[PDB]
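Presented as structure tokens, the chain that follows is alone, the form deposited in one PDB entry.
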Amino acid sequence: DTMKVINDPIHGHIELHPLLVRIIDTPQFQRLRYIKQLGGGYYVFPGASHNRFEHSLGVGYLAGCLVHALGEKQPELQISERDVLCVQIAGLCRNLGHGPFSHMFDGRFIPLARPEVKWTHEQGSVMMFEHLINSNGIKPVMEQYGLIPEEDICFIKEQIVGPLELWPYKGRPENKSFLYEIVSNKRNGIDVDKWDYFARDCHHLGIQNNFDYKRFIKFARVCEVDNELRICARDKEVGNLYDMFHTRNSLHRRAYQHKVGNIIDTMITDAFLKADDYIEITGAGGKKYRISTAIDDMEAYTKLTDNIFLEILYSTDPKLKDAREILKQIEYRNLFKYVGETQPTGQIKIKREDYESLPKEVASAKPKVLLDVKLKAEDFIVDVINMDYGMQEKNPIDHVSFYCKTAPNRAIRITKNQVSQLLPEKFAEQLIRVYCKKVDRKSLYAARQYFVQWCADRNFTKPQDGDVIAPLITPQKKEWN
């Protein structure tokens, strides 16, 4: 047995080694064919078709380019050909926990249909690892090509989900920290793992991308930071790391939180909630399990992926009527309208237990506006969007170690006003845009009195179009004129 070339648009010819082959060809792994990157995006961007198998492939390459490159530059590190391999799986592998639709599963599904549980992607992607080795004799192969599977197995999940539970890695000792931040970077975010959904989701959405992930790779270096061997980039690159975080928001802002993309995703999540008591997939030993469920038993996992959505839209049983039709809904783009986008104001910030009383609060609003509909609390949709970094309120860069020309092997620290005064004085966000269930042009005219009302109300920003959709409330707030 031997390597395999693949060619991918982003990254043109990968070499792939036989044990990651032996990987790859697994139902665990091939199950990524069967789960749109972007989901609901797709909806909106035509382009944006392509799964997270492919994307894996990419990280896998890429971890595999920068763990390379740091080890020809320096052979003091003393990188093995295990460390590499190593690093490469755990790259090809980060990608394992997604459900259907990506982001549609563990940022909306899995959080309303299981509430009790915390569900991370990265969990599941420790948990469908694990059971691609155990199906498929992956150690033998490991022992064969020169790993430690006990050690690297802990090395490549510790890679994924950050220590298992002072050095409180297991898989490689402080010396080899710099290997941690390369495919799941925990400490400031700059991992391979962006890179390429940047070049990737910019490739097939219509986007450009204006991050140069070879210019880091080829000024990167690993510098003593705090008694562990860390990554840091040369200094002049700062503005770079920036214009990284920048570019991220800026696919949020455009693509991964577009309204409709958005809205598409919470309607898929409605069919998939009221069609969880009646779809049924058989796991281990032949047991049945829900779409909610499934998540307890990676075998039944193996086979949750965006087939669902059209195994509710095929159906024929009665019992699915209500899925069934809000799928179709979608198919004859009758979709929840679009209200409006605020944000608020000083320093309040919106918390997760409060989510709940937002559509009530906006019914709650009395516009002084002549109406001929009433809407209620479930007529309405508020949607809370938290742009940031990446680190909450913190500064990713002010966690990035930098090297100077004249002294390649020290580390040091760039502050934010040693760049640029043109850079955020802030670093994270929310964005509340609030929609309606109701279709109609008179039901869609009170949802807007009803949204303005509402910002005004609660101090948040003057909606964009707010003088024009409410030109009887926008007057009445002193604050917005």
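Positions refer to the first chain, counted from 1. Compared with the form deposited in another entry:
- Hinge residue among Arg410, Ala428, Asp212, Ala363 for the rigid-body motion between these two forms: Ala428.
Moving from the form deposited in one PDB entry to the form deposited in another entry:
This part shows the chain on its own.
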């Protein structure tokens, strides 16, 4: 039990403390080797074969880099070795809750399979961390290295998920407030998890990263802001922080929300829903779970990975035939068809709780055109995509604190108009894409008429080639024509 060195292509040679090695070398952590970072994105970007495992190593490494740098520049913060280890463990473990195909699972699958439950990957990360610690005897090893599990497990979970129910945290007191801004920053979103995925996703996607996290670390300092110690950036780095959120948005546009990647995620989700009654995942006491109920037992969840796709694709049971046929269509590239895209107008925003009603609304639109085929609710997919700077409608840079070179302990704010008139005026928008599971030319022509009528009925923006693919619908709506 000494240090291991691991060679990562993004970060080079990284050192792992032996307690971190003990955490990594568990079924709960090694599971992340079998979950793709970008899910169905790999079916569009063939370099994007990378998994949550290596990303987790990277996050843990960067968490260590930031906390060490702060402690070397500011010994008055009294950052301890124990603090450093706890921060590295939180960084390492904050992806433990991801399910098959990452965001597909918590973003698409669980909301449709278990609409009553409130599941997030962050909650999953805490539950899975706890399962990891308790199933592998990690607490006595934490003690052996000078951690106090009672306080430190709490601190680690709070770094992942936020306050577990006034300084609201219990794992550390207010004089270590800044430690909660490293792994998952709920104040403004500037955290080490982003820094890893920007570099790693870019390396794999074939799109080049333009944010420099190392520079950010060299300029970061802790200062008192409204009687709390916070991580501040140097004033003249404000431009680079606007660019960082721009880079995130650009990665969503180019890659994460690619229209074919999203439809592949939708098709996989559909196959899972059709397979859900038949796939068995064994959990504690030999109880059997399904894909949708594995989240209720961490022993079952440990065994729920991207493997489910192949278990379905390779099955021979006739009960799995419909699920298997969807995955086969993905292989033949016979995809659900893109019908069109629109945006709401203004601050107008469709909420998650209305998502399920949308296919029905589209199917109930009454286009005044002669239609051969009639389509049903279940023939449409309606994908609602939120493109924002991580804080809904808010500018995250308004929630960053800065210091200037002449008074490095004094925190200040910088407004948008102090920076540049070329920056966005809004920080959120929503795209709505519609697709049809019926792929013949008749169906697809009809689907477009339903779609364009629905856009008119909802006062959404005119679809870009609306005059060509629905010439009899677009003239009713005079802001469009």
